[PDB]
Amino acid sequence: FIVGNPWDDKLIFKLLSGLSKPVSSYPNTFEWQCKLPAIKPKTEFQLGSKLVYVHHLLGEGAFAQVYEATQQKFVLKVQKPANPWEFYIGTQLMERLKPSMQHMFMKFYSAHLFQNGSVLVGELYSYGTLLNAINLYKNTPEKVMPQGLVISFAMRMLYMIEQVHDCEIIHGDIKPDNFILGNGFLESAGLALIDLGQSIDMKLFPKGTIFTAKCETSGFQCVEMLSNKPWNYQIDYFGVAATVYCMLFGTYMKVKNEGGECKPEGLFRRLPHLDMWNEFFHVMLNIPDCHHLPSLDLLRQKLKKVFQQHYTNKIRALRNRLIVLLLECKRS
């Protein structure tokens, strides 16, 4: 079966409207028949029965604001209009995941839906985005993240979407600012994938459904989109590839085609493990069809071999270097 836009507003309204267990029926869902209250740094406000103290704004995305808060810290994802969809996705993901996996993602504890917006209450990750981390390295002598950390993060990402895809979900927006580092990093274990607002639940579609939308909700395109070919899970493969590209070169990935072979731009000078990375980008960017998705496990093993061959000893020195950079930015 074929579907135009998996992010279409009327489509999501209908998918939610016809759920056996609609978001409105969750025990941790709360509906309110009033406007979204004003939310501001270092200020209290009423969120249902509870009074909530907001600290400072943690970050801003394409659609929403995420603040730190307490009544154990947690976050408030605030969005206009309301986004019950992200809450639905988050709920399903945590249901379908093996409990040992859930630490790689962000739990939503509750959702407060209003007439014109929503507040999603979720888990906190305290040490900024991967995009930010990449920026922190730009302002150092070394300029780029070390290979040990890059290969490490890359493997975790491959592992992450492997778990997500196993739940038959598509993240749909895998990029540097949707990866967060938490305090679990102080003790790749602390890396978390967040922002499920553009995610797709394939279980809500017939077996073998594919999509033809030639672009994302903010202009970005994956490989199949650039060729007007169909796609489902490939969009996440592209996202991971683009993310690792950004860790490697500090800029956003652009692709070219040469003889039916898709590959990222750049002359790849100053790039170590050139053979490993070319094989990585080859497999990630040249997916024949929706039926022949490359083994995420296999990709990660190839990175693991190189990692084990060069960086087992040194990862401790590398993560320390980063934590120092992270703490400096947080206290700032």
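Numbering follows the first chain given and starts at 1. Rigid core (definition): largest C-alpha set, two forms, superposition within 1.5 Å. What changes on going to the form deposited in another entry:
- The residue among 37, 272, 294, 61 whose Cα moves by 2 angstroms or more between these two forms, once the core is superposed, is 61.
- Annotation: Cα of residue 221 displaced by less than 2 Å between these two forms, core superposition.
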Contents of the next structure:
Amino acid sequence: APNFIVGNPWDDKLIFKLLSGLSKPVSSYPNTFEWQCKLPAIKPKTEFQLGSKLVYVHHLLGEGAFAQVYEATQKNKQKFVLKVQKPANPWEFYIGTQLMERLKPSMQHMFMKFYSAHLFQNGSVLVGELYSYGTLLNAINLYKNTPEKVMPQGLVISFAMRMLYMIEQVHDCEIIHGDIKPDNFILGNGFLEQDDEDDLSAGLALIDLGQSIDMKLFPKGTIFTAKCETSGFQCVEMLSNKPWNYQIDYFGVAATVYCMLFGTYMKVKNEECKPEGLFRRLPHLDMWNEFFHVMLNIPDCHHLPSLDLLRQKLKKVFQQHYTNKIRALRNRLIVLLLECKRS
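Given the form deposited in one PDB entry above, I would also like to look at the protein as it appears in the form deposited in another entry.
Only a single chain is listed, so you will not see partners or other molecules.
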């Protein structure tokens, strides 16, 4: 069991050392393309050339740190997404490739498809599948201008269950996402198309692998100690100067669910670690207390709570209360989401 400390799994030197040590380098992947020129100008409402093809850039979907994310089109025209990094970030493509190799085939539908990496001298462009109904953060914010004010519980629970099941699979692959939050969840046609009454909402994917960690590249028992990057929320361990590995994602899923529940960011306090708010008036109060308690009070790296059990507890409540409500709750969000995309 002995702890092998890696202080900072995001350190640029370390990422360089790890990607250099690979037997199958990212450049050798079949869908990686290296170009001996600089990154073309990529801006809204203009074309640019990507290797052989010509790509029209529609609008900016997000930007942050070294990355900009764009919607784009290539006789019938397929829409897609570009993630442009300056300087080059092969790390994301590395993680995304490993994830897809490791995931059980039956789970791959829960993840955004990717198509190619183009490595230029001063940057990279990754090409991905478009989820055209925006982020979960945007969705939560859409509820703020309704009389409802927040997402309804039935949908909150459907989404929370999908997240737990999703991260269960990611962790089974020995990957840590590292930056789980509402603005890293995206909503796609799978959600629009969802006609059935299944407990898990389709069309939800988790993207942005900028803080992702491959535990297969480190020794058994590896733990980390650093606090998070500029855009991240500090997890419980970082907040009390303790080591972490998979706990960071438990915390992220909790913060994300919290944000669905209250429409604002999670702040925590100690008594046991607990989120602020969480008033007596909340529906399913006992379920939520138990949820947040288990997600936020992980004794150590050897006592990671069962994501399956966490989900089974939510599922019991969902099955009791929401099986006959969920279709109408989803349809109502569809109506808000399609209105938002009209502007």
